Structures are given as C-alpha cells and as structure tokens.
Amino acid sequence: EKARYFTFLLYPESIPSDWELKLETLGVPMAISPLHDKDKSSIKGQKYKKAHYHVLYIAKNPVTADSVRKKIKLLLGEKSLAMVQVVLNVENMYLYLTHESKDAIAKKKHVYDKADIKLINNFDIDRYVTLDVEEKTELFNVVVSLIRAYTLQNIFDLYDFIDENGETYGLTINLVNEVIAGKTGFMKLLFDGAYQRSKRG
Amino acid sequence: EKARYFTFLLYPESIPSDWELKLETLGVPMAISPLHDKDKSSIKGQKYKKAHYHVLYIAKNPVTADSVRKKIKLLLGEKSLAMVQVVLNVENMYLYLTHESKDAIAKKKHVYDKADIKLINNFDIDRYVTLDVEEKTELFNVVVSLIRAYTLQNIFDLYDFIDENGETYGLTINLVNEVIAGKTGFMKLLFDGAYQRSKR
Amino acid sequence: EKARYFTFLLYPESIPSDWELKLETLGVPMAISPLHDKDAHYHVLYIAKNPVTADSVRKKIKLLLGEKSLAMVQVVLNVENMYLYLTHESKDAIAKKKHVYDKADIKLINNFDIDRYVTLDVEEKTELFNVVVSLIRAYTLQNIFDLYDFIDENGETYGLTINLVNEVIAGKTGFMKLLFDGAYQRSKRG
Amino acid sequence: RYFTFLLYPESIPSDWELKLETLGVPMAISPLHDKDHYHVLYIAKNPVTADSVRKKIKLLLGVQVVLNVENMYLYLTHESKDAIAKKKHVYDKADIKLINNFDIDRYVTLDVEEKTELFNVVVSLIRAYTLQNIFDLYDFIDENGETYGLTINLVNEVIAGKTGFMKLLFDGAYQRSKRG
Amino acid sequence: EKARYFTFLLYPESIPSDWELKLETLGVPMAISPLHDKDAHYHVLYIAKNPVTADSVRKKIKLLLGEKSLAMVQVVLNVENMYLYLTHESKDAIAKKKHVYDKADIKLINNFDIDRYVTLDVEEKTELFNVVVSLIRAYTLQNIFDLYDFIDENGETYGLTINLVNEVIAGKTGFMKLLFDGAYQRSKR
Amino acid sequence: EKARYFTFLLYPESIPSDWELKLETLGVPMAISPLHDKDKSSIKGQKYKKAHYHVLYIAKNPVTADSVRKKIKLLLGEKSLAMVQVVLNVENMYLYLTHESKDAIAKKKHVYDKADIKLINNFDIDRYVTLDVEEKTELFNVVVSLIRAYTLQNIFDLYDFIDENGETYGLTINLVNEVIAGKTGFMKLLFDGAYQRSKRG
Ligand SMILES: [Mn+2]
Ligand SMILES: [Mn+2]
Ligand SMILES: [Mn+2]
Ligand SMILES: [Mn+2]
Numbered sequence: 004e005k006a007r008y009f010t011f012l013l014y015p016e017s018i019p020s021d022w023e024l025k026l027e028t029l030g031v032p033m034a035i036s037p038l039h040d041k042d043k044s045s046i047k048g049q050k051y052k053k054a055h056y057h058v059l060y061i062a063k064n065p066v067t068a069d070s071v072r073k074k075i076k077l078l079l080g081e082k083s084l085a086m087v088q089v090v091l092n093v094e095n096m097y098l099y100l101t102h103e104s105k106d107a108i109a110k111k112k113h114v115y116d117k118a119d120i121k122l123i124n125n126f127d128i129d130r131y132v133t134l135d136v137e138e139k140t141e142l143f144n145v146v147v148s149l150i151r152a153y154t155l156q157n158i159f160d161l162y163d164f165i166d167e168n169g170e171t172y173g174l175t176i177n178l179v180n181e182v183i184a185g186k187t188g189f190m191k192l193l194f195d196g197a198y199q200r201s202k203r204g
Numbered sequence: 004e005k006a007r008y009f010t011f012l013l014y015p016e017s018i019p020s021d022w023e024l025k026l027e028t029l030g031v032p033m034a035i036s037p038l039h040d041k042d043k044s045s046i047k048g049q050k051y052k053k054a055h056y057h058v059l060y061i062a063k064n065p066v067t068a069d070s071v072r073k074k075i076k077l078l079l080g081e082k083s084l085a086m087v088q089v090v091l092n093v094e095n096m097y098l099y100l101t102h103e104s105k106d107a108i109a110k111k112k113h114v115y116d117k118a119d120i121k122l123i124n125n126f127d128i129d130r131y132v133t134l135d136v137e138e139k140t141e142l143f144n145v146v147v148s149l150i151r152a153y154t155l156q157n158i159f160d161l162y163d164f165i166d167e168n169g170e171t172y173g174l175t176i177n178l179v180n181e182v183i184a185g186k187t188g189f190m191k192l193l194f195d196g197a198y199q200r201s202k203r
Numbered sequence: 004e005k006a007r008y009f010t011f012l013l014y015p016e017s018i019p020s021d022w023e024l025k026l027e028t029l030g031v032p033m034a035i036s037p038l039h040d041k042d054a055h056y057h058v059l060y061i062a063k064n065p066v067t068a069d070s071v072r073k074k075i076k077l078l079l080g081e082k083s084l085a086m087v088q089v090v091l092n093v094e095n096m097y098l099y100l101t102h103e104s105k106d107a108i109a110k111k112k113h114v115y116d117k118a119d120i121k122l123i124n125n126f127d128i129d130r131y132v133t134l135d136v137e138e139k140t141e142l143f144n145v146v147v148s149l150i151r152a153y154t155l156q157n158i159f160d161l162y163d164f165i166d167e168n169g170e171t172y173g174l175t176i177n178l179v180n181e182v183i184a185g186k187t188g189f190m191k192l193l194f195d196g197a198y199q200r201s202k203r204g
Numbered sequence: 007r008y009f010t011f012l013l014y015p016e017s018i019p020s021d022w023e024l025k026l027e028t029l030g031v032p033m034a035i036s037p038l039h040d041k042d055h056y057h058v059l060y061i062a063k064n065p066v067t068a069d070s071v072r073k074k075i076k077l078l079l080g087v088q089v090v091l092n093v094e095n096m097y098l099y100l101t102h103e104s105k106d107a108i109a110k111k112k113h114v115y116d117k118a119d120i121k122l123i124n125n126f127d128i129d130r131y132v133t134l135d136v137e138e139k140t141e142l143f144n145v146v147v148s149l150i151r152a153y154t155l156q157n158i159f160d161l162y163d164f165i166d167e168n169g170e171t172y173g174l175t176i177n178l179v180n181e182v183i184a185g186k187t188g189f190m191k192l193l194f195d196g197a198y199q200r201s202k203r204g
Numbered sequence: 004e005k006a007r008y009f010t011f012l013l014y015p016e017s018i019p020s021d022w023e024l025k026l027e028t029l030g031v032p033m034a035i036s037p038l039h040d041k042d054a055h056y057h058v059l060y061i062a063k064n065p066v067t068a069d070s071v072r073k074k075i076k077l078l079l080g081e082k083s084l085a086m087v088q089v090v091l092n093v094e095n096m097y098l099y100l101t102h103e104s105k106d107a108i109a110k111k112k113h114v115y116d117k118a119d120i121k122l123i124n125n126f127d128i129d130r131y132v133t134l135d136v137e138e139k140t141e142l143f144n145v146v147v148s149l150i151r152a153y154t155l156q157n158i159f160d161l162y163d164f165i166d167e168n169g170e171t172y173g174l175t176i177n178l179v180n181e182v183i184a185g186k187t188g189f190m191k192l193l194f195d196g197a198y199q200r201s202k203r
Numbered sequence: 004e005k006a007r008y009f010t011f012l013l014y015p016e017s018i019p020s021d022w023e024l025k026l027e028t029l030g031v032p033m034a035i036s037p038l039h040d041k042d043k044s045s046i047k048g049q050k051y052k053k054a055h056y057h058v059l060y061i062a063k064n065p066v067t068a069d070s071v072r073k074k075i076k077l078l079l080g081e082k083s084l085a086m087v088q089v090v091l092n093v094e095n096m097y098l099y100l101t102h103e104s105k106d107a108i109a110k111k112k113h114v115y116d117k118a119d120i121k122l123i124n125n126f127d128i129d130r131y132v133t134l135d136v137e138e139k140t141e142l143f144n145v146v147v148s149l150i151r152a153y154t155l156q157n158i159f160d161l162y163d164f165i166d167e168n169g170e171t172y173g174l175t176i177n178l179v180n181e182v183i184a185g186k187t188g189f190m191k192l193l194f195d196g197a198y199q200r201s202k203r204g
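In order, the protein sequences belong to chains B, A, F, E, D and C.
Quick note on the deposited numbering: the first sequence kicks off at 4 and runs consecutively.
Quick note on the deposited numbering: the second sequence kicks off at 4 and runs consecutively.
Residue numbers 4 to 42, 54 to 204, in the deposited numbering, belong to the letters of the third sequence in order.
Residue numbers 7 to 42, 55 to 80, 87 to 204, in the deposited numbering, belong to the letters of the fourth sequence in order.
Residue numbers 4 to 42, 54 to 203, in the deposited numbering, belong to the letters of the fifth sequence in order.
Quick note on the deposited numbering: the sixth sequence kicks off at 4 and runs consecutively.
Please keep in mind that the hints were generated in silico from the structure rather than gathered at the bench.
One thing to keep in mind: the hints can contain errors.
Said to hold, decoys possible - Have a look at the derived ranges for each label pair, beta carbon to beta carbon:
| # | chain 1 | residue 1 | chain 2 | residue 2 | range |
| --- | --- | --- | --- | --- | --- |
| 1 | B | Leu134 | F | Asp119 | 51 to 57 Å |
| 2 | F | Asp166 | A | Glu138 | 20 to 26 Å |
| 3 | A | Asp127 | B | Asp42 | 31 to 37 Å |
| 4 | D | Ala152 | E | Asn144 | 22 to 28 Å |
| 5 | A | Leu78 | C | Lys73 | 46 to 52 Å |
| 6 | C | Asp129 | D | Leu12 | 38 to 44 Å |
| 7 | C | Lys73 | D | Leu12 | 20 to 26 Å |
| 8 | B | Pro65 | A | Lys117 | 39 to 45 Å |
| 9 | E | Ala184 | C | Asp166 | 37 to 43 Å |
Said to hold, decoys possible - Short derived list, chain B residues pointing at chain A, Cβ under 8 Å:
| # | residue |
| --- | --- |
| 10 | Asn92 |
| 11 | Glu94 |
| 12 | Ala109 |
| 13 | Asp135 |
| 14 | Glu141 |
| 15 | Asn144 |
| 16 | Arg151 |
| 17 | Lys186 |
| 18 | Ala197 |
What the hints assert, rightly or not - Computed cross-link-like contacts, DSS-like style, restricted to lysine-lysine with a CA-CA straight-line distance of at most 30 Å:
| # | chain 1 | residue 1 | chain 2 | residue 2 |
| --- | --- | --- | --- | --- |
| 19 | A | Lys121 | A | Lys41 |
| 20 | A | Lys202 | B | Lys105 |
| 21 | A | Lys202 | E | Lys191 |
Idealized CB from N, CA, C, for every residue including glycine.
Please construct the entire structure, taking both the sequences and the accompanying hints into account.
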C-alpha cells in the first residue's frame, strides 16, 4: 500500500558522518528533528532512550513503506532504521519533531529547540498545511470585519495591516492569500466600499 | 464515490486507551458522542446494545468511504470499525450523537448528555449549518429590495445597515457574506444602480 | 402513496377561533386563501417537510383543529397553480369564471413564499433574458435600478417580476454590464 | 429532462388539454394520430425519472425517455428522419398543440463549432465597422443581420459566456474611435 | 476494418476526361495533389462522411472512374501530414528530398479545407499564448484591435492568424485585460 | 476507457526499417527509448530479454487503449506490439526510458544513454513539467510579495522585473504566465493596490 508522507528514525551510531549531506541527494524534501537524546525511556534503570533522530520524509509521488526503507538503507547503511511508519498529519508530525504536538504535550515529553530542526531540500511546513473549507469561510469573514473596521482601502493596505496585527486575528500574508483566493470578486466590493467610504470625509 | 461528511462507530473494547488523543492527530475535526451504552437492543433477551461511540468525521477534502475506513484502521487497529456511512445532514448527525434528532426522537431512543460530546480539533457544529439553497436565493432577493429601498451605495453602506436593522430581515454580517458570496457580480450592478441613482 | 404538496378545505364553523395560530405550530409552511364565501370555506395549501401520505395529513389536522374540520385532502400537482387557485386567479378558475378574491387576504403561515416554489425551465431563462435585452435596448435603461423600476410598473406585460429578473439575469451578470454600458454610453450621445 | 408518452382519448377527461396546462411543464402534443392516440412531448423543469412522470400524469388524467428533442418534435407529425423512411402517414403541423409556451426553437442550440464560427464573424464585424458596444452591435445586426446570418436572439446565444472577450472587443473599438 | 481518412492514386491514362467533375459528385470532400509527373499520377485525399472500409472506397471509385483507375487505397493516419504530402512538403517527404510541387495546383473537391482538420494540442495553446504575450509586450500593443492589426500583417512569422489568436486567447481573457492595461499605461508614460 | 499518455513496446524484428520516420507521420509527439537490448531477463538460462524499444506516446486528445494499439498496427505491421499500457506519470515514464526512474533505480536495471532517446515530433519532456499544484500556490505567493515589495504597478512592470531578477526568485516570463493563469482576478487587486499605493506620494 502507498502514501506520500513518512517518518522513520535515524540512529547516529549507525549512520555515516556525512549523513546530513547524503539525505540531501535523495532530492526529496525532509525535515529532521533536533537530536532526540533526552527521551525518558520506559526500560527499567536506564534514564534516556538510545539517542536518535526523527525524520519527516515526503516523497515526490505516492510510494510504498518498503520503497523508502530500502532507498534509505542503500543510502546510509543496512543498519540505520528498520521502522518506517506512514505519516497521517504532516503538520502534527512536524510538531512532533520537537515534542510540541498535541500527542506529545499531553504525554509531557521533553520539549526540544525548534531551531535545531534541519530542513533538507527546502522543506517548508507551510506548504503542507492548507485549511478546512469552513476555516476559509471563517477567516474570510474576519478579513471582512477587518476591512470594515479599519477602512482598509485595497489589498496593499490590507497586507500592511496583517503584517503587524496579523497574529492577533491569526492571519499571515501567505494566509490571507489562500483565503481570499477565488473570493476575489467579493474583495473588490469590500475595497470599493472602503474606498468610497473614506472619500466621505 | 466521494464526500466530506461521514460517521462510523468506535468500540471501546477494540480501541487503545489513548484513542481520544490519537483521533486528534488525524488533523480532521470530529465530534464524538457520549458513550452510547444504554441503547435498547432488538436481539432477544439481551438488554442494551454492545457499548459503542458514534463519530462524526468531516474530512478536509472530498474523499471516499474506504479512504476513511482504512485511515482509521491503521490508526486504532484493524478491529475498531468496519461500518463507515456517509453523512447527508451534518446538523442532524450531530444531534444524533445524543439521540436528540428528529429521526431518534420519534424512535424514542435513550437521550444522552450533550455535555459528554467530545469535539476533536475544534469542531463547532455551528460552522456546518450552511444555508438551504433556496434560502440563499430568498435572502439575496431581500438584500436586493434592501439595497433598492434604501439606496445603499456599496457593501459598507449595506453592512452598516445590516448592523442595525439586521434582525428585522433576519440578516447578520456573517450571513450576508454567505449569501452574496458567488453572486458578487450581481452585487456590483446593484451597487452601481444605487450609486448612479443617488447621483441624480 | 406519498407526496409533498397538499390542499384541503377548512370550515369556519368547525374550527376553533385560534385556528390560524394553531396551524402555525405544525411547523409546516402553509398558504391559506381569502375567506371563500362568495362561491363558507377556506382553501389551504400545505407543503410537508418530507414526502408524506394523504392520511398522515388528514389526521395531523384532525387532532389539531377537531375531527370535523376537513375530510377531503387532495394532493397538489402544480404548487404555483394551486397558489393562484387560492384567489381564483389560475388558468383552471379563470376560464370557469369563478369569483376573483383579494390576494391581500392570503395568509402565509410559517414563511411560505410562493416564489421559492417557481423555478424555471432552462429555455425559459434564455427566452426571458432575451426579453430583458430587448427591454434594456428599447427603453435605454441605463442600469439595473432603471431596469427594476421599469419592471416594477410594466412588469406583468412581459411577464417579469423583480424576483424573477433576479433569477433570470443571475449568472449572465457579465452580459448585463455590456447592456448597461451600451445603454449608458448610448444616452450620453444626446 | 425530455420524455414522450401516449394519451388515449377514450381514457382521458374532456378537459385533458386544460389539465396538462396546469402541470406547469411545457408540452407539445401531436395532432390526433388516428390514421396510423396522441403523442406528447413533455420536457420537465429539472432532471426527473421515468416513473415520477408516469404517476404525475396518472394522478392528473386517470413513458419513453426522449433523446433528440428536435427529432421527437418532428415525429409528432411523422415528418422526422425515422418516420419518413418508414413512410408513416404525414399529419398537419397546424394541429400540434403547444402547452405552456413550448417553442421547439428553444432546442435549436448551435453546433459548438457554429458558435465559434459566428463569434469570429462577430469579431470581424466589430472590428470592421468599429462598433463601440453591444448596442451599436445590435443596431448593426438589426439591419445587415441576415447578410452574415445573425439575428438579435442569435448574437445573444453566441456571445453568451464569451462576454469577457466581448469587453475586449468593445474597448478596442471604443479606444480606437477615440483616435480621430 | 473501418476509418474516415484515405488516400489512393489516380492515373490520368485510365480515368475519363471529366474525372475532376465526377469525383465532385461522390459528395465527399477531397483534396487532389498537383499532377505528380516528376517523381504520371495523382494523389487523392479522400475523407468519408462516416467510418467506412478500405474496400467500400476502392469499389465506389472503380464504379465511378473505371475498374482500372486505382487498386491501392491506403488508410490515412494524419490528415494534415497527407495534405502536406500532396506537395511533397511534409516531414516524411522533405527528408526524402522528393520533388516539391506547387500548392496552387492542389484541387479541393466539395469544399475541403485542411484547416477544419488541424485542431491543436493543449500545450500548443499555452505555447502560443506565451508568444502573444511577448508580442503584446514587445510592440506595446494596447488592445485587442492593435493586436489583431498586428497579426494581420506579421502574423505568419509567429504562426498566428486572426481566427487562431481567437482560439488561443479564448478563456484566458482575464489575463488579456492585464496585458492590455500594461500596454496602455506603459505607453501613457 | 480514455487517456492522453501511453507507452508500448516496439520490436526491431517486426517493424520496418523506416519505422522511425513512420512514427513521425502520426503527428503525435513521442519519445523513444535507447535500444533496450541489455535487459536482464528472468527466463532461465537466457541472458537478456528479447531486444526491444519503449515508446512514450502522448495523444493529441483523450483516446482509448485500443485506438492506439490499432493505429500503430496499421502503421508498422500487425505484429509490432500487442501491449499498450496507459501512462500515469509522464515524467516517470520518460525517466524509465533510460532505467533512470525511481522504480527502475531500486530494481537496479541496466542504465542507458539518455543521448540515444529519440524525440519524434518535438517532444519536450519539459512542456509537461506543469507545476505541482502546491508549487503554483508557492510561486503565486512570491509573485505577491514581489508586487508588494517593489510596488510593481501592472503586468508589464512585473514582467520587466522578472526579466532581470527573475532567476533569483526562480521565475521566467513563461513561468509567471503559467502561475498567474486563472488567478487573474487576484492579480488586478494587486495591481490596483500597487497603482493607488504609488499615487500616494
Ligand atoms: Mn524521539
Ligand atoms: Mn447508538
Ligand atoms: Mn372555493
Ligand atoms: Mn526494457
């Protein structure tokens, strides 16, 4: 059976020193967690789990669990992983790289530095979180009240506004963009409202 | 064949203890019924139906019955459901979670606590009460006579109007927005009518 | 056998004084004719939420107004035609010369709008649009307001209402802006 | 959307013709087919089933699905390709009864190529005479129409949808004439 | 087995003098090559109304020009390529260095128009569009009239006609108004 | 059932000598692999698979498996193929011509010379490198920040900008064109923003 998104673990003791450069060659975009060394282990006596890396590997096309497993073996050594699980929520796995996800936070796992995350081949978690249809409607309606409230005259004035106070309403630039897309028509109405409204004084 | 809204049953004896956290990961918003243990069963002798949970699972994009069924198997165990039905009225299935829907009320099913409902990933039933198609047409036609009558010159003057006298015609802001969406073209005609009418 | 649209008759002498408020409760949208005394009875246009039977209605109304208020529930085939029949203003009734009533006495329970029941053939849409054209051409109507104002008056003559233009021009909006610019820049010539 | 069925005069009321009118659906009814019954061309408002019609007519007076509306309209008079080669008894097209404003013409939709062909004519026409907007175009068609094979109601069906494209032509023409 | 497009050869010594008028009667649109003497024969591009067989053609022509006029009816796979072959101006014939003929000697029976037979690929549309772009950019063409005028003249050089631009820009109209506003406000500078 | 992209095999012993010129006539763009003679064969004893060619044949319009099979039979002989498969990933099948694809590389198949690939009728594997859909959204969002940052006023000022600094953001002209297509609506908003923003001095 086939899918695009996988994760597996890389073990420092059975991967070459140029491993980080070697994953880069696969051409596939990857995100690699900070070195997960301080994982509380549930074996008796021993303090932390063997030291490991978590990798978020997104294939170009829909491929199988094993096509990856052997693509990585023949690239880092037959002994580097064995356990390739298929990833169901890319956003969630990316947050898991730092134990900062919903699953991991409720399991109180040892939170890592998101700055240690390594992005091979231009991973940007941003290109993997599109939004629920309802969400789109919800945000759009916020964009409305926003253009209303501050009498934003045009999509530049809107962007400038989001640039600053963005987070407060939970918009970014690249987000408004995905929100207003297709509703453009409706936008020109708002922006004319605002224009001819500010022309009143 | 494909759709966005589904329901299926989760059985407590064949789902992990962290099942509730696990469904959270799917990223998909779900609403999960209170534990349906007191369902009158129609098998002879036995009192209540095997104890189960009802799930209302709304996919991000139009997907198939089976893409769900296996997404959940590989997430909870091959044995947790087998029966994924496609939901036709999201509001009604949400009311069915507590046996508080029209179907269930007339079947006299054992009413549950709506407080036991579990919302995974920010389900809000409020945002799937989209309008009957007719309603949209009806309301638009009101928005028309409204822009006509008060010579509202542009969507701001329209909003400002709704802000006040909204309820009287049964509009809110967020409601106009859902009404006029798509008919935007038609709007600019109304708002030019109005503009050039007041210029007279 | 099942259907959504029915009509029956209500008799004033065997229905309670709060009958009009009681029908409201059924939750079903209804249109009730003006008092049909100069044919004493009422005609009711009752459209069920879901496909239900002749008798599920007959008894829902008996247990709501008294066992003696109707007995005769017919199933309606053309909702628009039965709505016109409430005022004897339909094709059937007009040729039978029946006593025309005031459409202002029609009573709409639970937000009946006969409009939400008259959609139109696709050809019809094209046909009417083409009328709307010749209409904007002929009287050099400069914009949808001048169009509406026009329909408001002489509407019936071409068979338009406001709410009908709306359903006609919908989608063809593009095409409209061309007509309305024509008209505009045409009148700017004088 | 499109059906036909047969109405038998001995098992339909005397006001049958007025009763079909009420259904609100446009129908074309053949001349009385006695020299082979009535043939009915019934076009539903929306896509409906064989049986929703059969019972709608039963509960109204006491059904094959049509594939080519124009061909079934010609069959009402035995004047179609199928019937002419079967030498069937040709009837008077004047006995055809149009309920609720049937116009077989509203099913003379264009070959798709035709639409493209005509549009391209509408182009060269707006170019050549520098027609500035759809009124100037129409006025033009009104007179010289036949010469290019246009009517008003035909441009209308042609330009429909390509309206965008039109605004480009009409702005060309406008800013072209603004030149002197 | 059946197909719409065929070609065959007509020999002047075993076809009547009114042959050209006789093919006209078949009702089928044909294109006939210039007299191929310097390869004496004619090449015919015969497109049937409906999907018919190799032999229904071979005998329709025998019973129309004489049992001795052809025997060899091949089925045409690329109509455009066979029409180019009529003048030895096709990809096959040009690389075989065959004696190029005058395209003005081509005879079109019953309103053949090779045009109604060359539709184009989705990629082609994109390609052309991108040419129309650089064209509107380069010469600062301000609106679809100034574009047409341009194509009218220098059209063939970029491989456009009027009717072709029309099929190219169709649908992408939005995108057009942007080009034509660019051009307009560019020239206003 | 119908599709645009196919592949089949051509056998040198049952195809004419002018086969390469004959495929040219079909008018359809094809890519033909290097002569696949050194294919390890899984029949016992025998070393290489019968000698064959792989053809990547992209129809003008959506056509059926069999409309191709017979178009090729009546063009090369009834005995040249029998097996026409429908191609799912055009870029992947073009890489398979040389055994240089993901499938073939992991199966260790005998890599061929990409220089022996024959392109009939102007195949360019490139004019089917249409943008991953995500790519389109990513690029558009760049084009946005571009029009914002430099206050580009209209699609000519945009193009002029791409002409120069294009590579830096990974745009060409013909690429913007395939990016903005369809989002034209949204463009006009950006371009008005920019216009009325620069009108502010
Ligand atoms: Mn870990
Ligand atoms: Mn239950
Ligand atoms: Mn009465
Ligand atoms: Mn091979």
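Hints, one by one, checked against the model:
1. B:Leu134 x F:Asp119: 51 to 57 Å: Holds, since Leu134 (chain B) and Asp119 (chain F) (Cβ atoms, about 52 Å apart) stay within the stated range.
2. F:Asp166 x A:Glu138: 20 to 26 Å: holds (25 Å)
3. A:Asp127 x B:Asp42: 31 to 37 Å: holds (36 Å)
4. D:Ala152 x E:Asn144: 22 to 28 Å: holds (25 Å)
5. A:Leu78 x C:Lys73: 46 to 52 Å: holds (47 Å)
6. C:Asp129 x D:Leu12: 38 to 44 Å: About 41 Å separates the Cβ atoms of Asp129 (chain C) and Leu12 (chain D), which means 38 to 44 Å holds.
7. C:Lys73 x D:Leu12: 20 to 26 Å: holds (24 Å)
8. B:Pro65 x A:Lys117: 39 to 45 Å: Holds: the Cβ-Cβ distance is about 41 Å, inside 39 to 45 Å.
9. E:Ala184 x C:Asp166: 37 to 43 Å: holds (39 Å)
10. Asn92: At about 4 Å, which falls below the 8 Å cut-off, the nearest Cβ of chain A leaves the hint on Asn92 (chain B) intact, so it holds.
11. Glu94: holds (6 Å)
12. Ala109: Hint on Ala109 (chain B): holds, closest Cβ of chain A at ~6 Å, below 8 Å.
13. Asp135: Since the shortest Cβ distance to chain A is 6 Å, the answer is holds.
14. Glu141: holds (7 Å)
15. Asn144: Holds, because the Cβ-Cβ distance from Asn144 (chain B) to chain A comes to roughly 5 Å (cut-off 8 Å).
16. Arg151: holds (6 Å)
17. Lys186: With a closest approach of 7 Å, the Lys186 (chain B) hint holds.
18. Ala197: Interface hint status for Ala197 (chain B): holds (7 Å vs cutoff 8 Å).
19. A:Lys121 x A:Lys41: holds (18 Å)
20. A:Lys202 x B:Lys105: violated (58 Å)
21. A:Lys202 x E:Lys191: Holds, because 25 Å separates the two Cα atoms, which is no more than 30 Å.
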